[PDB]
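Asks: Below, each chain spelled out in residue letters.
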Amino acid sequence: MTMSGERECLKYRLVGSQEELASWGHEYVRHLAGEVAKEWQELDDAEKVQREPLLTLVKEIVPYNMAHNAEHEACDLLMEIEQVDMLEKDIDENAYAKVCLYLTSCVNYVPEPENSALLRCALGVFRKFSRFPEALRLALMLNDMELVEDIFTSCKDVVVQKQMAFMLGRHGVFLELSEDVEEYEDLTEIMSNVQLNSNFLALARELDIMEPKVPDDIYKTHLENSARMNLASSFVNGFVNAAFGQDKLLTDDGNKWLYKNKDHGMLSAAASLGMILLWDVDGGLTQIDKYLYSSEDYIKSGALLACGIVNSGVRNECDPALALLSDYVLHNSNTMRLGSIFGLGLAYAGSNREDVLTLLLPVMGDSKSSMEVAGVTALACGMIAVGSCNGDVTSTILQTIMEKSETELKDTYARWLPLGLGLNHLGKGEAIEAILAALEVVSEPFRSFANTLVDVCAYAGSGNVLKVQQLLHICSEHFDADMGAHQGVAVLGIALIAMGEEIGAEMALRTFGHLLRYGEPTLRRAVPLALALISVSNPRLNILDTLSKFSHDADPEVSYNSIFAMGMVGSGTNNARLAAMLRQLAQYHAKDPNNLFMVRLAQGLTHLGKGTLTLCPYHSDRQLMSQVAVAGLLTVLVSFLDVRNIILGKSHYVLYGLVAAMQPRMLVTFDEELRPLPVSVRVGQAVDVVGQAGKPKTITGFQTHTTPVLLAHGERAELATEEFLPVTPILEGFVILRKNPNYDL
Amino acid sequence: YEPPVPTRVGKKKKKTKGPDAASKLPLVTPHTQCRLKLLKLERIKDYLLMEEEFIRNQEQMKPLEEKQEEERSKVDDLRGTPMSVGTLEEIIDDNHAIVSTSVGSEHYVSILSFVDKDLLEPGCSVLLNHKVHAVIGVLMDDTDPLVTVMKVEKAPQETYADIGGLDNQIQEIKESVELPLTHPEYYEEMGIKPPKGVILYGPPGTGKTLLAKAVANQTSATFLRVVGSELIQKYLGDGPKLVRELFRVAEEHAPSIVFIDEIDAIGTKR
Amino acid sequence: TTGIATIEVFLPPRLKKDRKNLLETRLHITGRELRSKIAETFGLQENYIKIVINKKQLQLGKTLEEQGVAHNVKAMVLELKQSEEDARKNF
Amino acid sequence: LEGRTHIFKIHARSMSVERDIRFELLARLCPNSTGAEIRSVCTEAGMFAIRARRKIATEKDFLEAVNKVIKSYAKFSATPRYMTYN
Amino acid sequence: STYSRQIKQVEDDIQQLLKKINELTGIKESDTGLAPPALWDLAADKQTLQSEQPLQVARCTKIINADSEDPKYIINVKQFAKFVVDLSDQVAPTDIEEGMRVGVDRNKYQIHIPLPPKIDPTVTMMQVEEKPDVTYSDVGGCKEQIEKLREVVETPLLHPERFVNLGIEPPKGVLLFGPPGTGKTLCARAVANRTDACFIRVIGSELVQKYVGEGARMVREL
Ligand SMILES: Nc1ncnc2c1ncn2[C@@H]1O[C@H](COP(=O)(O)OP(=O)(O)OP(=O)(O)O)[C@@H](O)[C@H]1O
Ligand SMILES: Nc1ncnc2c1ncn2[C@@H]1O[C@H](COP(=O)(O)OP(=O)(O)OP(=O)(O)O)[C@@H](O)[C@H]1O
Ligand SMILES: [Mg+2]
Ligand SMILES: [Mg+2]
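Chain order of the listed sequences is A, B, C, D and E. When the letters of the first sequence are read in order and numbered with the authors' numbering, they come out as residues 131 to 355, 367 to 621, 644 to 908. First residue of the second sequence? That's 25 in the authors' numbering, and the numbers climb one at a time after it. First residue of the third sequence? That's 79 in the authors' numbering, and the numbers climb one at a time after it. First residue of the fourth sequence? That's 348 in the authors' numbering, and the numbers climb one at a time after it. First residue of the fifth sequence? That's 39 in the authors' numbering, and the numbers climb one at a time after it.
Honestly, the hints are just simulated from the structure, not real lab data. Where is the CB? At the ideal position from N, CA and C, for every residue including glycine. All the pointers check out, no bait thrown in.
Pairs of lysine to any residue, SDA-like flavour, derived with a Cα cap of 20 angstroms:
| hint | chain 1 | residue 1 | chain 2 | residue 2 |
| --- | --- | --- | --- | --- |
| 1 | B | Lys217 | D | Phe395 |
| 2 | E | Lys248 | B | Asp262 |
| 3 | E | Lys186 | E | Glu199 |
| 4 | E | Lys57 | B | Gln92 |
| 5 | C | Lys159 | A | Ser436 |
| 6 | E | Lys181 | D | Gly350 |
| 7 | B | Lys37 | E | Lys169 |
| 8 | A | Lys860 | B | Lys217 |
| 9 | B | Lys36 | E | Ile238 |
| 10 | A | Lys858 | D | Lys402 |
| 11 | A | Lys712 | B | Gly34 |
| 12 | E | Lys169 | B | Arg272 |
| 13 | B | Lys91 | E | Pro75 |
| 14 | E | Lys84 | B | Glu93 |
| 15 | B | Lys198 | D | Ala399 |
| 16 | B | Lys35 | A | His715 |
| 17 | A | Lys389 | E | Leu196 |
| 18 | B | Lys217 | D | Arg386 |
| 19 | B | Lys38 | A | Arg703 |
| 20 | B | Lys265 | E | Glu252 |
| 21 | A | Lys228 | B | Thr53 |
| 22 | A | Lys350 | B | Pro30 |
| 23 | D | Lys402 | A | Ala856 |
| 24 | C | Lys152 | A | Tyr314 |
| 25 | A | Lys860 | B | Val52 |
| 26 | C | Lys94 | A | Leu837 |
| 27 | C | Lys95 | A | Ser328 |
| 28 | B | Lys48 | E | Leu55 |
Distance windows between CB atoms, simulated:
| hint | chain 1 | residue 1 | chain 2 | residue 2 | range |
| --- | --- | --- | --- | --- | --- |
| 29 | A | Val344 | B | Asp118 | 30 to 36 angstroms |
| 30 | B | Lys217 | E | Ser39 | 38 to 44 angstroms |
| 31 | B | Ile187 | E | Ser68 | 38 to 44 angstroms |
Just some of the chain A residues that point at chain E, by a computed CB distance under 8 angstroms:
| hint | residue |
| --- | --- |
| 32 | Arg160 |
| 33 | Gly164 |
| 34 | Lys350 |
| 35 | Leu353 |
| 36 | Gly676 |
| 37 | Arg680 |
| 38 | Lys712 |
| 39 | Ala739 |
Please model the entire structure based on the sequences and the hints provided.
Replies: Shown next as structure tokens:
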């Protein structure tokens, strides 16, 4: 134990006395286990007849480590020897939480195949102990649909299944249960989020914020010492009042306001009317119908897209959006088409519905379909089939991409064609090699753009430092624009990959700063988009100050992207400081219509849903990635790579892709009969509880509120009292509480 | 003509002072020497490797004019020598400010890019070019002699063991000035902020200042000692000014303990 | 069975009725008759409702079998503000 | 009385109090007391609970806090002198 | 303990890497108020140093022959001097008024830019830039008092349209009084937290000054 002990300290313990290991000391057995791992790495296949005593040593060391609360040290031993499998055999009821927590905290850094190995091992430990909600969370992290189905139907507790259904509905994952399953109706309704609108409205009534907000109350022009202005104000009205169902400006007679906008503004403004009716399909379509019959070309298609916006995030058994939008995907007018595919994509995002995809796919190949229409179709079909690796969508997107001429690919709408392709394989990983080989035949510089986009989307939210190294190598060689388009995609990809875990994101912030410092305009025109993607709905002061330093940038595109990133970073946070900065920018950019429009967009985002909504793609304590939210954010941010022509041009409706990422920052405690149940809870900044044993506090700087409270980014919530037991450890979204038998004993 | 509009919100400097700056590496948990801490450290290391390679490449193909030492030399040339010390009177714009030199003459000059613009507040000492008076820096103000006067540089040698019979008093003062710093988790878990203020009263010689010395011995916070009679000044408004500056210095060195000894002497003595 | 269709229909939450409710009718009838009997069977005004069958808008003129309706099919009811002819005449 | 009960609820919101704290009784026990005295009562009840190495403050702790703050410290109260000025 | 050696190895590597990065990028000085080199626009700094001339701050005193096409402006350049100058070609004649601060060049002292009035830095710092962490929900037992305060100090600013229509002039002053600890400053902090207009906190003891008439000067500038 004292000197190096290379193949020695193990050897004599192996050949000598084989009595109980702990009889020779905790430090000695720790050294012995370290040596066991070291020599296990050395041993080859032919030395399989050398591990006979080693298995006995590990089978005795693991219970010893768990006996003296050294569970984490035990975990490393089986991790190094790649034999974590037997761990589940020796887990006791006093340590399953700690070992599972440590193994899950480790998974964000170990690469494949140890990623899935650790994930499945912790899943098995949870399943053995009947901890169904966390097992379902863990399987969702594994995107194993068969395992999701098995976990859901294995549990016999109806209430636990209801909570798991709530988690699945929040994640955007849906299951087709059998009618033989008890409580099929309510379980399906929970998983379809049909009650999301009513729950949100009940919260808002409880949180007395039902009053509509005019964009003037956000602008606050009375404290300050056009078609674009009207369009920006309609966007602000849609964002602030999102999913509320009431507005003083469009829910009233909005024809004067709606016609106050001109050209494609009427496209977004009418579509904005669908944002206030988000998740309220039944009531929302009742207001869309009036504008569905408008003679003006823009109004009808704007209402068509508002239909899908209204239906976005909620799965209706009788598909309304498909019915209202099917008859306009091959319309002669490109605007009616444009609205229809985008609405259909928003409505059925993350569904992989073969009927919708078959209805939508020939639109891309239609001769009358313009490049804008083809890009919109690609974005939609990607959003329906996000992370599904759909063969049909991949094949047709490849056909559309290689059918276009080289001069046709110069258009930036073609940039949306790989994105949907990338959306198809979002988070899949190494399933793109065939796709990359297919893309190799595409002409350049569009080939580099497409390859970067699909590769990043494949490695989205993985933290693979190798892919980040490749992206930084792409960003390294700068070109004295046309050839350098994919550099912005690589900059966005650094964020798209590093967003998985906190350490990687904070590390990548410095890299983004260096890219902004040394990079070319096209290189630095995407750093704000990367900052927005990596810190969406998370208004930490470092990113806000970094973006503010470049808000008044010499490059107009950098300024626009920085302002929009400031809006996205504090999106839905209702941050007072960020509101003050945006007001100051509006005063500063008063004479610049583009910068003022971006400032108004940022102001609208900052008060998204009156501060009750978030665009963050990560839920379940920032461990579960929502593929639909990632798809929407990716759509908006990649479209912002050409903010001059797409956002500030005629295609600002793409901002409604953010609708795919809108979720309520929620904590609603339900009874076992799904009625609301106000409970005292403590909300405070989350504290990492890996390592330190015993009971460490998981929240710092907390306050006690009644349960219908909004959780900020990084804010955990723990039940203040012990009267109720939560069905799931994660107190986010809709949580069911059960009366504690121990309480009031 | 229209007045310039600043892009910064407010007119005061950034509240944060003396941070780790660019060395703010993410806090890796757990501190225990486990494989997860090992993996987090490796991840930080890989990000640093990627950053190092990228920066080396960029500086490699950067022009000879644009180099770190070359840009620093150009900054020195732009500042020139000598660098006059003026007073930031007003921030007209992001890159424009009214500054007054030591001779009392004001100038509407331009703030250059390399100036730390978050260090600029009205009344702060700025460094200006000798010829064009353009703001070229912000002078880190030296510690005031009064700052030295309050601050107790060396902890007193009197400890709690040197105090006899004041068990309850020691407990009460520890619950307010020592326990909140050593064990804040008690207060956080109880949901109460610690007792705000403490006054020690009693007949002369009973050990009030001795207990304050014992607190100053075993405190990790900056200790400022002020006698009440020191708050009586010779000029109007100088007393309130001294109190305001004492608590400003207390705020600067947070966490801190302000010991206003013999407070009654402000009123009992004329 | 015997040419009668079990159409499960969805009602708006404003009409606080059983959302899982069933309608029974022929298929030789057309969308007009189906809309009228849907309005009658759950206390609704016929002039302000749109009907959704088979994920398609209910064409009123065409009869059910030629529409594409089948057994155990899902139906959806949309409350309307301003009638179709009145909305069209509005501007 | 209603205002004092409301202040007690405000300052003891994040407290780890017991289940049956009679805040109305505590408000009745300090007839003429400022909100600062009520905040100090809550803080001293928490301090009494902490000193006994308890994670939950009982009603007895609040009663001792009232005795220490409202009664014992009443010599130094600024209230009786200052309501002649107001 | 088995990872301790590798922990220290990678930690020392990280520290050396951080030092190496700081070698190429920057982060140094910080005593002469130098910004990080990522914000150094040196070419623009040189162009500003050449093109943008310094301007001495003076005060206009009298405009002679303002009606005609040759108006002469008497300026008082602080402690420097007094001059009779003319406006530059880039300043409108109506943009300069008697008694206002202007900025002039150092060669012919022609008025180049009208300037904001001089305000004492102590007065400037009195305006609140970080709103307090107290809302109206943290004040109990003051329902009527809070309502009366809000309908004077907050409601007219938030919704002035409700007052102008009825020819109503809202009160422009509120005095909160009561025994110590009753919540006067707490309600003021709540107002400052909820307000959107400029909030200035003045403590009466801050208006006491050493010299005669200085406190009145601070009030006037406030
Ligand atoms: N209870 C005590 N135990 C031990 N030493 C004590 C005690 N009380 C006083 N002393 C000694 O008396 C010395 C002087 O007392 P000290 O200055 O602390 O008293 P004080 O109550 O603060 O008086 P004053 O009102 O005059 O400021 C201390 O330095 C200490 O050595
Ligand atoms: N009505 C109240 N509701 C809740 N807490 C209160 C109330 N009144 C006072 N407090 C508490 O007591 C403290 C007393 O401080 P505060 O600033 O309100 O006093 P004040 O009335 O300004 O006193 P002084 O006249 O001495 O300046 C507050 O910080 C708050 O924590
Ligand atoms: Mg003394
Ligand atoms: Mg006060």
